[PDB]
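Shown next as structure tokens: one chain only, the form deposited in one PDB entry.
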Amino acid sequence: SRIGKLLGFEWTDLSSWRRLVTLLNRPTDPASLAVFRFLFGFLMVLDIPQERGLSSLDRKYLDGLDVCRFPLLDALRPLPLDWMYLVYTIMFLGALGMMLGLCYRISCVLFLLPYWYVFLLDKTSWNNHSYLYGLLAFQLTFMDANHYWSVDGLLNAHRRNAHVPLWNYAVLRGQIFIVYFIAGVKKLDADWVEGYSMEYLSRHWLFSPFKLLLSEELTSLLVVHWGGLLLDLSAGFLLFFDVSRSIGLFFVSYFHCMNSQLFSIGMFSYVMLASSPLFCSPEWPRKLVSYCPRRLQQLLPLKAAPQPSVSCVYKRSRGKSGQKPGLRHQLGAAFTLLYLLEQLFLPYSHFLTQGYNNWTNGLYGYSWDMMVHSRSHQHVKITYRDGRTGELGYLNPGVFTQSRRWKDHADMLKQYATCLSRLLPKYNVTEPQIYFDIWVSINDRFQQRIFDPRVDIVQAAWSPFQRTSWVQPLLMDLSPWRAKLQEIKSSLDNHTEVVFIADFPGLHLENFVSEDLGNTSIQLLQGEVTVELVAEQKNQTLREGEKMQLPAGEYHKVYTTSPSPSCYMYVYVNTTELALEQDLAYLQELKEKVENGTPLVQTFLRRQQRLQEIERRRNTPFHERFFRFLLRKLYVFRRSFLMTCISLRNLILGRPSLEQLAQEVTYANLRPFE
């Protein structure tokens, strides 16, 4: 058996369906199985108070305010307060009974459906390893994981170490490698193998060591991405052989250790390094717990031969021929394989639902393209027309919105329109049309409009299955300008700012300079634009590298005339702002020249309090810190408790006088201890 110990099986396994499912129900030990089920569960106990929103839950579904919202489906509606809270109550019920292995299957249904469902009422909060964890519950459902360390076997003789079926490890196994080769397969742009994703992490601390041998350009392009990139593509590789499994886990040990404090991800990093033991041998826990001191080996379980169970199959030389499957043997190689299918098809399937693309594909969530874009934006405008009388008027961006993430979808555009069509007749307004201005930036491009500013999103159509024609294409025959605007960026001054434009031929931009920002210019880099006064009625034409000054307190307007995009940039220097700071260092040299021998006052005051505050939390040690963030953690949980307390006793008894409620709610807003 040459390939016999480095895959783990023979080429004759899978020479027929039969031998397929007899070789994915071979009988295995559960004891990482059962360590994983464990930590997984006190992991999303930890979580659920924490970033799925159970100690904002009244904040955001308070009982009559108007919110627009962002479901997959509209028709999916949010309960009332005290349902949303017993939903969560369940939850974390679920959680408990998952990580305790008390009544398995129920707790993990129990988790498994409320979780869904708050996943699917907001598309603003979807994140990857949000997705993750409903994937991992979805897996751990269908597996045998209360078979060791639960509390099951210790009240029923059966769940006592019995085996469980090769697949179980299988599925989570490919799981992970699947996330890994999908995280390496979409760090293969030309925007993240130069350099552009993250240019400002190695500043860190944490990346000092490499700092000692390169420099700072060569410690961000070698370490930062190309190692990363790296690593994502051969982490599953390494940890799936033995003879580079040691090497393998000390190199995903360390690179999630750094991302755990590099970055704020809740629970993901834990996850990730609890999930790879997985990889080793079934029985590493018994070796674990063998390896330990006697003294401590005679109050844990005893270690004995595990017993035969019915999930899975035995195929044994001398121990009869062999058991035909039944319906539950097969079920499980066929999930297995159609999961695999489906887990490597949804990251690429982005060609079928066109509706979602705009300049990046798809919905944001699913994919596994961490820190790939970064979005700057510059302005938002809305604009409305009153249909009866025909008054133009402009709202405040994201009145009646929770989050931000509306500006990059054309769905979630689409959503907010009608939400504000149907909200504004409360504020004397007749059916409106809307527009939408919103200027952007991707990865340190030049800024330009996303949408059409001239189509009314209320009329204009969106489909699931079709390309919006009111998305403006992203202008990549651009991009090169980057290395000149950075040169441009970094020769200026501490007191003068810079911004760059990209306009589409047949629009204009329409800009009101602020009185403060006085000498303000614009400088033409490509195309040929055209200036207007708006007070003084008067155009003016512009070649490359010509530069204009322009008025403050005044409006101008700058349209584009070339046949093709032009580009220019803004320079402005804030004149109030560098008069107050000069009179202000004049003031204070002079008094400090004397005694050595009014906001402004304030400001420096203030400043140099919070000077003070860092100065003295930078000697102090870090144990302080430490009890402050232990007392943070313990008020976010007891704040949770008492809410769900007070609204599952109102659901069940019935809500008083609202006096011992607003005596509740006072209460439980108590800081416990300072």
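Residue numbers count along the first chain shown, from 1. Just so we're on the same page, rigid core means the largest C-alpha set that superposes within 1.5 Å between forms. What changes on going to the form deposited in another entry:
Only one entry in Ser376, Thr603, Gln139, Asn127 has its C-alpha moved by 2 angstroms or more between these two forms when the rigid core is superposed, and that entry is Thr603. With the core held fixed between these two forms, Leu341 has its Cα displaced by under 2 Å. When the rigid core is held fixed, the Cα atom of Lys538 travels 2 angstroms or more between these two forms. When two forms of a protein are overlaid on their rigid core, residues whose CA moves 2 Å or more are considered shifted, and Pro306 is one of them between these two forms.
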Contents of the next structure:
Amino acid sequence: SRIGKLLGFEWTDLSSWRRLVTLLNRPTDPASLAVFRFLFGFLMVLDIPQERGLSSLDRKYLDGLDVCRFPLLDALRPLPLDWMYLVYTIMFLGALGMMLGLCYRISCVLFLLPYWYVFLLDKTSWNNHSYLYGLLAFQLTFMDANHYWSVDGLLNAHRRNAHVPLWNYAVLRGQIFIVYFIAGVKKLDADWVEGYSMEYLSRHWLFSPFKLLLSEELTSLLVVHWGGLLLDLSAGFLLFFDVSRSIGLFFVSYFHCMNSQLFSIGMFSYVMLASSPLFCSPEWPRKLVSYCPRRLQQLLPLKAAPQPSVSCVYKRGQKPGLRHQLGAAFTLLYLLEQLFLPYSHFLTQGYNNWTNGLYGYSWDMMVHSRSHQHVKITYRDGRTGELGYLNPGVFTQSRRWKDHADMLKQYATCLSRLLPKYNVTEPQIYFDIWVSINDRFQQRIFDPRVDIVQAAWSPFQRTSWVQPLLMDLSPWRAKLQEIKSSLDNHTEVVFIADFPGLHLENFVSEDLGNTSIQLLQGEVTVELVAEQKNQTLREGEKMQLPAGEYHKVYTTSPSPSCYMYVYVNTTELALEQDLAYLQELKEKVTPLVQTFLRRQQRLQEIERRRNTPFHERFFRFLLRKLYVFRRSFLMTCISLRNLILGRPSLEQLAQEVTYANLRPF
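Alt. form deposited in another entry, vs. the form deposited in one PDB entry above:
Keep in mind that what follows is only the chain, not its partners or any molecules around it.
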């Protein structure tokens, strides 16, 4: 009927389980599935040395390193460095087998298990694209993607140009739609709609055409935010329907190319570019091969019509077998779970914090931008009682713990187990972290008065020591920007919102001369700790602050107060004046001369970087990528030899390591 030509199936095919399973296991062309499989395998092969961390395993999983790691399950621990290299080797072999369709089921498992082990090993490495890679591997494990353009077809029949169940394409297309649509629904957030998430992205030269017609402020709203939201919302619908598939392909390809050249998101854009032709006809690669403008189809895969495969249900009775029922059930359950998981944060409230859920599985890319002003990790020794302070992120290899109560709890537990080594036993560790999400007032995300080490965190309970994001102060942001615009090139402002009963102890460095605090809303008592002087501020009152001395801003209002710090960094200002004097002296022609020389060298380097021709920057990029891949391979070989043939002498290990890190050119 009309829906049959529009949806690719009939309503009668959803009448019962038999009809639905016959539909989902309908014989489809394996060509598009195979091409996506090859592209995904190739992109994962390239992604393993770059994003996964094969080129930085020795810097990450170094043995003997005292490091706070953030696994999803605290019982999940990394293997020794050599065994981590073996795990990455297995992942690489699995990705290569997926790319070539060689031992496809085994290769899919060999990529899937190490990939998800690494993914769950660190919650701070989670991205929406990394989660997408894991999802695509999980699906492609159960798909017959080796039925075309694969070595599995060259090695054994019944898989060479053989039909695949329709549910393979159904699940892949459903996953891609889900990514697009749930991305759009997450971008329905007020910060994205109002233009707050990425208002500095339109400054990129790639947005120059729109700047011809739209202003910079209008380009960021209409094109980056409204355009991006509209693209995400309508991408799946455009790609699905045939009449709009061409325009949807063009729009989606433009979106992904721009995202590839705008963000360092690894292979995300290329993965979605490869996934876009999944919505096309399954025989599109077969059509391209059949065209053969250069008559190169001998090297290209088979162009003949696919052979019948037992994976599909052929209408004739031919009732579906168990594998077809499992395929249909997998399609339904997997798509339901993929629609539900981005919205399952009502269940796992221990990961909610400000932005609900762990980052990585909600398709909320680039919606929430965080700017952290300060992080104070206070500790109190349980035996001595002496108060001490830690370097923020001292033992962490990432900084995501600053935004998550789960990762903060893990960090505090790791600190409580490590700090006895550094003479601090039974540490009561408090975290005072100031975060501003989407250009809001900087405010504490966690309670600074609570000992996280002993604080209660549960995976399914809302965290009591997470400070609520002051959304009622969101309208202030516009005014904030005005203030930021009113300042000079030598003046800086920090906008701080503090909760009642909480105080901000701030040491203004001696460099920051001419610093002042202006109360924007509420009331704050500023205490000159050094002078022990209390001054209550009214809304709009400006108080000068002493440099090189402590001061404590207590929020005495019943409601959260808002103030700003206007500081100049007058040491740098005097340095600039002296540098201008030196510049005038040079034009007429100790430490200040050294600073002038350093500034001149920096300017010369900046000029030289732009002076590099586009072929030179590209060749530098190729050399950097070649070095990364070579180092990955060589350290992998070192660790594999250490595992099979044993670790050689320390001198020989040093020689091999210094050979691995040697630049190719």
